[PDB]
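A.B. asks: Fit chain B with the ligands to the supplied structure of chain A, relying on the hints for placement.
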Amino acid sequence: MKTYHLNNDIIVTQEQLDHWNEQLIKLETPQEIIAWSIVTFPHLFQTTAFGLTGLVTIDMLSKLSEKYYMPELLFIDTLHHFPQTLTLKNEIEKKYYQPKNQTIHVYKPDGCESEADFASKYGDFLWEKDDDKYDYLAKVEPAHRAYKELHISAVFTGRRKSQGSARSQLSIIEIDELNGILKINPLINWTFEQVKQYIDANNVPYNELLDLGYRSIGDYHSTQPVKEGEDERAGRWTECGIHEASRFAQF
Amino acid sequence: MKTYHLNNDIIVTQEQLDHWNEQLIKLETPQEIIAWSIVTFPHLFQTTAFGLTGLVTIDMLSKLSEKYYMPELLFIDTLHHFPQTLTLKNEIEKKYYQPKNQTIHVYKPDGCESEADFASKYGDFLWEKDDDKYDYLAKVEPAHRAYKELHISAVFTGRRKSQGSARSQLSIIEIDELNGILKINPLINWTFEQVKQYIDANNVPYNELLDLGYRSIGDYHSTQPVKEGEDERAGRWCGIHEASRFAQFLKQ
Ligand SMILES: Nc1ncnc2c1ncn2[C@@H]1O[C@H](COP(=O)(O)O)[C@@H](OP(=O)(O)O)[C@H]1O
Ligand SMILES: Nc1ncnc2c1ncn2[C@@H]1O[C@H](COP(=O)(O)O)[C@@H](OP(=O)(O)O)[C@H]1O
Numbered sequence: 001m002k003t004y005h006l007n008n009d010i011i012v013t014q015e016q017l018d019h020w021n022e023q024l025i026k027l028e029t030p031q032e033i034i035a036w037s038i039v040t041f042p043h044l045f046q047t048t049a050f051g052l053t054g055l056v057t058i059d060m061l062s063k064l065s066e067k068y069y070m071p072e073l074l075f076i077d078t079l080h081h082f083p084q085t086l087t088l089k090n091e092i093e094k095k096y097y098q099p100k101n102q103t104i105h106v107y108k109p110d111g112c113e114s115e116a117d118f119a120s121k122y123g124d125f126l127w128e129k130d131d132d133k134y135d136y137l138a139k140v141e142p143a144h145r146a147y148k149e150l151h152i153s154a155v156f157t158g159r160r161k162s163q164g165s166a167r168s169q170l171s172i173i174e175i176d177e178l179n180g181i182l183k184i185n186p187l188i189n190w191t192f193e194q195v196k197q198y199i200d201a202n203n204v205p206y207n208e209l210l211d212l213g214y215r216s217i218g219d220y221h222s223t224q225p226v227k228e229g230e231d232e233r234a235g236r237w243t244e245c246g247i248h249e250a251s252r253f254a255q256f
Numbered sequence: 001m002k003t004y005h006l007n008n009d010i011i012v013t014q015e016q017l018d019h020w021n022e023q024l025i026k027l028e029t030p031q032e033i034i035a036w037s038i039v040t041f042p043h044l045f046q047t048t049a050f051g052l053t054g055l056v057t058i059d060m061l062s063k064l065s066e067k068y069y070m071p072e073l074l075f076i077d078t079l080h081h082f083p084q085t086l087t088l089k090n091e092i093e094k095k096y097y098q099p100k101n102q103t104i105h106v107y108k109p110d111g112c113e114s115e116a117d118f119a120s121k122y123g124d125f126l127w128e129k130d131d132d133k134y135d136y137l138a139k140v141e142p143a144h145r146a147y148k149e150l151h152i153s154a155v156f157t158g159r160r161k162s163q164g165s166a167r168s169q170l171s172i173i174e175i176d177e178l179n180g181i182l183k184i185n186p187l188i189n190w191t192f193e194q195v196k197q198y199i200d201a202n203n204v205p206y207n208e209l210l211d212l213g214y215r216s217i218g219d220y221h222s223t224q225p226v227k228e229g230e231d232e233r234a235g236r237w245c246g247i248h249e250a251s252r253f254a255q256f257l258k259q
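As they're listed, the protein sequences go chains A and B. Using the deposited numbering, the letters of the first sequence correspond one by one to residues 1 to 237, 243 to 256. Using the deposited numbering, the letters of the second sequence correspond one by one to residues 1 to 237, 245 to 259.
Chain A on its own, in the form it takes in the complex:
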């Protein structure tokens, strides 16, 4: 019997993991997956970069929070975001978190408070010279420090099957044992049309860059706009290091 060791001394067997993925596919809406997750998991957080998918989840959690509670939000500040991502964060904190006496948890690369700090520590243009090392220092390390310090056992992610590449192989529930977390992907089965429809119907704030072509937004230096025909994440071009953690299992 394979068992998974998680933060806060939680243990999950393969049978439990398999059982959840078998039963949860029977749920008709992401709101149902989210409601179940809320009831089922203590130490439950959302991670977001304020991508459109995760904004939908924030709004869904907000509607569900009246009956239940609002799971806290974790955002990794890579120090290389578009300013527009950061202003959206403030907008989101004001709208959804401040009213509930919460602040968004923000984690940064260790010992750095700015892009210049980062370049001082590791050299200029690191994302060009060593994408792996950059990925680890900008996002993987801060996220891992966060899970451990904030005692996170489970997280919502904004990943979907229709985003393609490695994400078409996604399950509703996953285990990242290296980080000591369970991941829930409640909009796994939602298309981008569905995500946008929800954003529009519920007037949730979204990144201004979307009105300029940015259907997917990462770092200012590694993100380009895309036309309505191209892949959702074509302006980003390999799975992001925070989801594929095993390549940084040494550090």
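Derived from the structure by calculation, the hints contain no laboratory data. Keep in mind that the hints are not guaranteed to be accurate.
Below, a sample of chain A positions facing chain B; criterion: calculated Cβ distance under 7 Å [said to hold, decoys possible]:
id: 1; residue: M1
id: 2; residue: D9
id: 3; residue: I11
id: 4; residue: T13
id: 5; residue: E15
id: 6; residue: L17
id: 7; residue: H19
id: 8; residue: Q23
id: 9; residue: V39
id: 10; residue: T40
id: 11; residue: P42
id: 12; residue: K67
id: 13; residue: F82
No residue lacks a Cβ here, since even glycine has one placed at the ideal position from N, Cα and C.
C.D. replies: Okay, now just chain B with the ligands, sitting in the frame of chain A:
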């Protein structure tokens, strides 16, 4: 922190237990608690003595099974049930389980087939001669054996807060580490009236003895009826849920 070891290598922390009890209170219907349990726990069964509360659960599970599935049913035959309890067991099997390709699981005292076998093993009238011996051999042992053999991690029980006495302090979810099971009490917040209303509205088969005054039904020798201003359970004074005292026998 406190962690509980269940059957099937399943482990529950106190924080998980406390979180479930805190959130499940916010649910509005027993059906929602039931739906959640189905999704959450593998190796989920229902235990019943075919008491009125557990019958509601059976029908509720029946309707939910179309979308989900039907958790199997476990009945401990103590060999000292009222005949009509056994007659009701047949009606329920035929109505709810047969059409779903199931039989009701029936566990009896070890090495015994009937009341006469029991009496030839341990002597006549064991319940009045040694109640600890009786409760163990007739109820606790067979139940324990069933949890182990059927690899049960979690059960629905038909206990409610409104049933009075110690049941006033009941939680939605509790843990029985000695048996290696989690216990879910989905109708915890329902009154007998609510239970009776569902039984009536959905034409669920119930014990005939309930019309003859009885409100709670146990063994034939240890079950009295109740009057007007008396408690629903004030007529059979369990062990099946107080298995903790038999620890020295169960810790194997
Ligand atoms: N900087 C960051 N901070 C926190 N979570 C992040 C993150 N970057 C990515 N993620 C997680 O990974 C998901 C995929 O992001 P991307 O599609 O940009 O690769 C994000 O969904 P959302 O940003 O939609 O909530 C989020 O759940
Ligand atoms: N002989 C038996 N076999 C299986 N479960 C039993 C049992 N006796 C009691 N139980 C469980 O304990 C609950 C309370 O029983 P009681 O009130 O008679 O002590 C029962 O609810 P139901 O019998 O309503 O399903 C049932 O879940």
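A.B. asks: Taking the hints in turn, state whether each one holds.
C.D. replies: Hints and how they fare:
{"no.": "1", "hint": "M1", "in the structure": "holds (5 Å)"}
{"no.": "2", "hint": "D9", "in the structure": "holds (6 Å)"}
{"no.": "3", "hint": "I11", "in the structure": "holds (4 Å)"}
{"no.": "4", "hint": "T13", "in the structure": "holds (5 Å)"}
{"no.": "5", "hint": "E15", "in the structure": "holds (5 Å)"}
{"no.": "6", "hint": "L17", "in the structure": "violated (10 Å)"}
{"no.": "7", "hint": "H19", "in the structure": "holds (4 Å)"}
{"no.": "8", "hint": "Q23", "in the structure": "holds (4 Å)"}
{"no.": "9", "hint": "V39", "in the structure": "holds (4 Å)"}
{"no.": "10", "hint": "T40", "in the structure": "holds (6 Å)"}
{"no.": "11", "hint": "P42", "in the structure": "holds (4 Å)"}
{"no.": "12", "hint": "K67", "in the structure": "holds (6 Å)"}
{"no.": "13", "hint": "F82", "in the structure": "violated (37 Å)"}
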